[PDB]
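The data below hold one chain only, encoded as structure tokens and taken in the form deposited without the partner chain.
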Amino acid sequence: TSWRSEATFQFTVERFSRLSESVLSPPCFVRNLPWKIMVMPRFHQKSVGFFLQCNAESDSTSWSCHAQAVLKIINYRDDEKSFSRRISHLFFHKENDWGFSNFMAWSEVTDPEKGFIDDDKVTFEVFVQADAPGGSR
């Protein structure tokens, strides 16, 4: 099941408005690699840093995964309004994570009227598709 080429997994960050540091989600396996969502506030204009991390703990320096993904902050009210952005990147030991330091504006995601924050909880979602070595077929 960890050999799959794609997957969609979520990560909820509680007490979000108080977040003053980086938090990391448990791994989700795709192409036998552990993928994670990394979140953190970035700096008077504050923004949400949202990144996709792949196999960062590995000592190995010969692994690589070409992947495209949809980094999305879910909107509890109107899904049509779920905020998402796409990435494409070659993950490997020197660049094991990719995303947006200015994914979205802190004031907007933490606005109780915008639909992204509920009971101070914000949910992140990532749909990732990764390649893998194989024959030409």
Given for the second form:
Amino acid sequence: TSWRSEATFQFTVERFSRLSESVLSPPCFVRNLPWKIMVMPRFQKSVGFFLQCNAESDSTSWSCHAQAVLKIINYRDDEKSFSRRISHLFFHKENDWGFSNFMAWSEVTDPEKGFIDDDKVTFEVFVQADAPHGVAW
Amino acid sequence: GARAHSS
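Next up, the form deposited with the partner chain bound in place of the form deposited without the partner chain?
Zooming out: every chain and molecule, the one shown earlier first.
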């Protein structure tokens, strides 16, 4: 159910080499809140990769602490997938957390590296969130 | 994992 305390979801960004704007995945519900993968180019140069939580809500009373593993899938060999962990208290003023320089753009888009195929790159997030505050009273 | 932050 959406009240689950954790989950793993993926989002495949197409026409990756041409990415120019920030892109958002559909939501994955955890602790009944919508979580999304956010990817954006940073300085070509580097891949920006962030985890976003409950960003569309106009509430300013909510908060949810969570730890997560942000990973860029290596389709040729999963042991080569690259990941970084985060731990953050998400709330309206800090609704996303991650790395602007998650990986070098040149490396992720390198066809010989195994992360890109048909100009597509798959992002994955394993999020373990605590019970939120200021949502369901 | 090297200094996580907001977008």
